[PDB]
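Enquirer: Here are the chains, one letter per residue:
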Amino acid sequence: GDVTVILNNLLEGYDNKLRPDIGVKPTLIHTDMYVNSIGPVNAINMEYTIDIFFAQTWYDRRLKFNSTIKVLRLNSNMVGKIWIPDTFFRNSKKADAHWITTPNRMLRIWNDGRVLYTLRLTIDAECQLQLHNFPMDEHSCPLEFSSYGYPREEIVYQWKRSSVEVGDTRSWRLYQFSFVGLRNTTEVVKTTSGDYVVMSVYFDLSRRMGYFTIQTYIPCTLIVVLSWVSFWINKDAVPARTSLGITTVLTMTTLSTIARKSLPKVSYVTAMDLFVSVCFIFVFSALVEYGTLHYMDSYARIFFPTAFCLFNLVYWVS
Amino acid sequence: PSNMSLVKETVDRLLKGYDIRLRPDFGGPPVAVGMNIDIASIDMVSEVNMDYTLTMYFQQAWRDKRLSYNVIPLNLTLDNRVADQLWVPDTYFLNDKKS
Amino acid sequence: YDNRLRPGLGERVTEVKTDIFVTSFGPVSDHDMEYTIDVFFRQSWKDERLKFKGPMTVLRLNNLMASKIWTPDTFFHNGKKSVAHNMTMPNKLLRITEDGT
Ligand SMILES: *[C@@H]1O[C@H](CO)[C@@H](O[C@@H]2O[C@H](CO)[C@@H](O[C@@H]3O[C@H](CO[C@H]4O[C@H](CO)[C@@H](O)[C@H](O[C@H]5O[C@H](CO)[C@@H](O)[C@H](O)[C@@H]5O)[C@@H]4O)[C@@H](O)[C@H](O[C@H]4O[C@H](CO)[C@@H](O)[C@H](O)[C@@H]4O[C@H]4O[C@H](CO)[C@@H](O)[C@H](O)[C@@H]4O)[C@@H]3O)[C@H](O)[C@H]2NC(C)=O)[C@H](O)[C@H]1NC(C)=O
Ligand SMILES: *[C@@H]1O[C@H](CO)[C@@H](O[C@@H]2O[C@H](CO)[C@@H](O[C@@H]3O[C@H](CO[C@H]4O[C@H](CO)[C@@H](O)[C@H](O)[C@@H]4O)[C@@H](O)[C@H](O[C@H]4O[C@H](CO)[C@@H](O)[C@H](O)[C@@H]4O)[C@@H]3O)[C@H](O)[C@H]2NC(C)=O)[C@H](O)[C@H]1NC(C)=O
Ligand SMILES: *[C@@H]1O[C@H](CO)[C@@H](O[C@@H]2O[C@H](CO)[C@@H](O[C@@H]3O[C@H](CO)[C@@H](O)[C@H](O)[C@@H]3O)[C@H](O)[C@H]2NC(C)=O)[C@H](O)[C@H]1NC(C)=O
Ligand SMILES: *[C@@H]1O[C@H](CO)[C@@H](O)[C@H](O)[C@H]1NC(C)=O
Ligand SMILES: CCCCCCCCCCCC
Ligand SMILES: CCCCCCCCCCCC
Ligand SMILES: CCCCCCCC
Ligand SMILES: CCCCCCCC
Ligand SMILES: CCCCCCCC
Ligand SMILES: CCCCCCCC
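Residue numbers (this note's numbering), protein chains in the order written: chain A, 502 to 819; chain B, 7 to 105; chain C, 16 to 116.
So that you can see chain A by itself, here it is in the shape it has in the complex:
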């Protein structure tokens, strides 16, 4: 055919080991992403999964051909034959391409020398969550990438006009959070091996507390009420009051641990931790209220509901 001869010519005397314009000028690469889906955010392990169609294009004067054909649209077969930039993701804990049924790669070459090269990737990027106020925390999870070996004098990156074509967010596995928006940057990070141009995409994710309310707060709120009904119970019923008190405080301990279990092992008190601890004070004080009562009931009936609802007023507005 007339297309097989073109491909033979392009790879004839083609050095796959040398970048375009080596020793002449830096190679400008225009990147572009279609975020297929932002997968589950793993707050415990401080990571998230993102599936993208990472497309990057550049000029390669070696791969220029003149004919009636405007573009050579090819499969993954030709990817290993030509020079491809060594883009890697700086904060990827683990990533993999897709290979079923065949390698999910695409390659297109125009007459002038343009190369479009896109591939499907599942990136388990690293997002350093700061859960000081949880589960109301909001995060800006990045995704950095750059050439692993080529410094700023050899590979320059740049966002195309269509920065990031975020897909339909309805089908995303993002349950905890909501995709607020995206933001891109471009800056030169200095390292021991040279100066490298880095391009990072920031995804802004806002937590939803609906699950944690039914999961954590509502059980925590309801158990605290069980302490209050101790007051309406007669003081003379010593086993009844202690039964309610010890049962109420002890199950509060289990709720704190299982609620604390959802969080990772971070050495600082979080907002969820603050709520359970205050609820711990009420249940403990309610038990201690009867301890002094046997050794006042009406005041507890008023102060305890007021303090908790007032405490919630201060907490939720914050």
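Derived from the structure by calculation, the hints contain no laboratory data.
Any given hint could be a false lead.
[Claimed, not checked] Derived BS3-like pairs: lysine-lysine, alpha-carbon spacing no greater than 25 Å straight-line:
| # | chain 1 | residue 1 | chain 2 | residue 2 |
| --- | --- | --- | --- | --- |
| 1 | A | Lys565 | B | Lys71 |
| 2 | B | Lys103 | A | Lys518 |
| 3 | B | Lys104 | A | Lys766 |
| 4 | A | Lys661 | A | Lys571 |
| 5 | A | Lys526 | B | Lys14 |
| 6 | C | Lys95 | A | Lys595 |
| 7 | A | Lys518 | B | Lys104 |
| 8 | C | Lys83 | A | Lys582 |
| 9 | A | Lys518 | A | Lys565 |
| 10 | C | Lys96 | B | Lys104 |
| 11 | B | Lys22 | A | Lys582 |
| 12 | A | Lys766 | B | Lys71 |
| 13 | C | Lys83 | A | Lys595 |
| 14 | A | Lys571 | A | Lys582 |
| 15 | B | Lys103 | A | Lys595 |
[Unchecked claim] Which chain A residues face chain C? A few, computed with CB under 8 Å, are given here:
| # | residue |
| --- | --- |
| 16 | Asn576 |
| 17 | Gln631 |
| 18 | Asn634 |
[Said to hold, decoys possible] From the derived model, a few chain B residues whose C-beta atoms are all more than 10 Å from chain A:
| # | residue |
| --- | --- |
| 19 | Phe32 |
| 20 | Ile45 |
| 21 | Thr61 |
| 22 | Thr97 |
| 23 | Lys103 |
Quick reminder that beta carbons are idealized off the backbone N, C-alpha and C, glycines included.
With chain A held as given, fit chains B and C with the ligands onto it using these hints.
Expert: The following block gives chains B and C with the ligands in isolation, referenced to the frame of chain A:
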């Protein structure tokens, strides 16, 4: 385009008649391999498994008179796939369980 | 034969007739919002280059010939970490009919 052609002859010259099986200065003084690390992260210290996971930019430099060129005045950074055609140290981490 | 160019390039549209036989509909993981399904993913197309005539009308071959010839680059838009089975050999079949199918 002279550099593109000139650089191609240089890199082609080096890898021609290059024996990956023999280290630099084989049958001679030891080759001094300098090492340099940049820890990217320490993911998790696990007491249950008695191990920690560390991500690093493990870098090591050494001299190889076979790969010495002087025609072009610049440092050639090549495709990572060239590493399969060059002798590199057989460095291993005696502690690593899964890397 | 050029493995890189699809059949009928520049003159036709390559029509791939596909079909699925679900050997077993795997479990559904509501936690991950995904499901597993084991299939015999059959796809057939016409390739004039692979046209022969001999003692036999269909050449029943193994996976080795598949990598030597052009096959569609089908992928699953909503797929997540599929595996093509390899035990004992690549679980694939190729059959070239004399007409080129
Ligand atoms: C230490 O040992 C380990 C083994 O325990 C080695 O790891 C193996 O390395 C080889 C060589 O790099 C890998 O083979 C390559 O696999 C490619 C696809 O692999 C996918 O499937 C396998 C299962 O079969 C998975 O294991 C892979 O996932 C794992 O690896 C990836 C990285 O590759 C990780 O990111 C994952 O997390 C997993 O850990 C993958 O899912 C395969 O495409 C490739 O074959 C192409 O390239 C060769 C190169 O010459 C060509 O000969 C061949 O024809 C193919 O080329 C076609 O396709 C490319 C694709 O673009 C085109 O560009 C070409 O033009 C052409 O069309 C190769 O077979 C192997 O997968 C991997 N893992 C194993 C065996 O478990 C380590 O390398 C080794 N060394 C060190 C330092 O660790
Ligand atoms: C190809 O790659 C080489 C090596 O990467 C480059 O050579 C380097 O070029 C830079 C630019 O000038 C050099 O920078 C400075 O060089 C000083 C000279 O030191 C020489 O003397 C001893 C040898 O015994 C060593 O220190 C060194 O290897 C040199 O041989 C250094 O003294 C400087 O040190 C400090 O400078 C400032 C101080 O504030 C710090 O910022 C530095 O980090 C460092 O601590 C400095 O290094 C560099 O030394 C050169 N290295 C070598 C090995 O030659 C080529 O330029 C490059 N070619 C290109 C890009 O075309
Ligand atoms: C992702 O990064 C790209 C690259 O920076 C952003 O697009 C770029 O935005 C700048 C700033 O607006 C553009 O320059 C400006 O153009 C306007 C319109 O011509 C002009 O009025 C200004 O004076 C300035 O020159 C730049 O052209 C544009 N990139 C391209 C290729 O045109 C993009 O906004 C980023 N995505 C975000 C922030 O979501
Ligand atoms: C390719 O052909 C066109 C016209 O057919 C011509 O203008 C152009 O210079 C040619 N390019 C080459 C030979 O690199
Ligand atoms: C299970 C939780 C027990 C109560 C924790 C008391 C320590 C103080 C926590 C609040 C500090 C702001
Ligand atoms: C007793 C109070 C319970 C409900 C508190 C809700 C507060 C909403 C704050 C909204 C931001 C101003
Ligand atoms: C010292 C712990 C509290 C015990 C109850 C005391 C009531 C006066
Ligand atoms: C006698 C007063 C009892 C408490 C009034 C209701 C407060 C929730
Ligand atoms: C806790 C509110 C119901 C009881 C209020 C009336 C008590 C006399
Ligand atoms: C949003 C859950 C808390 C609601 C306030 C409960 C105070 C008694």
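Enquirer: For each hint, tell me whether it holds in the structure or not.
Expert: Do the hints match the structure? See the list:
no.: 1; hint: A:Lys565 to B:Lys71; in the structure: violated (37 Å)
no.: 2; hint: B:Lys103 to A:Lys518; in the structure: violated (33 Å)
no.: 3; hint: B:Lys104 to A:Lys766; in the structure: holds (23 Å)
no.: 4; hint: A:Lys661 to A:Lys571; in the structure: holds (22 Å)
no.: 5; hint: A:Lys526 to B:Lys14; in the structure: holds (16 Å)
no.: 6; hint: C:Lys95 to A:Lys595; in the structure: holds (15 Å)
no.: 7; hint: A:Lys518 to B:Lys104; in the structure: violated (31 Å)
no.: 8; hint: C:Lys83 to A:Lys582; in the structure: holds (16 Å)
no.: 9; hint: A:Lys518 to A:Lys565; in the structure: holds (18 Å)
no.: 10; hint: C:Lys96 to B:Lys104; in the structure: holds (21 Å)
no.: 11; hint: B:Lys22 to A:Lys582; in the structure: holds (20 Å)
no.: 12; hint: A:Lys766 to B:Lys71; in the structure: violated (51 Å)
no.: 13; hint: C:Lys83 to A:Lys595; in the structure: violated (32 Å)
no.: 14; hint: A:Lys571 to A:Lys582; in the structure: holds (21 Å)
no.: 15; hint: B:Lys103 to A:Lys595; in the structure: holds (17 Å)
no.: 16; hint: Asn576; in the structure: holds (5 Å)
no.: 17; hint: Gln631; in the structure: violated (26 Å)
no.: 18; hint: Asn634; in the structure: violated (27 Å)
no.: 19; hint: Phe32; in the structure: holds (25 Å)
no.: 20; hint: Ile45; in the structure: holds (12 Å)
no.: 21; hint: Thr61; in the structure: violated (8 Å)
no.: 22; hint: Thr97; in the structure: holds (18 Å)
no.: 23; hint: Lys103; in the structure: holds (16 Å)
Checked against the numbered hints listed earlier, the structure breaks hints 1, 2, 7, 12, 13, 17, 18 and 21; every other hint is satisfied.
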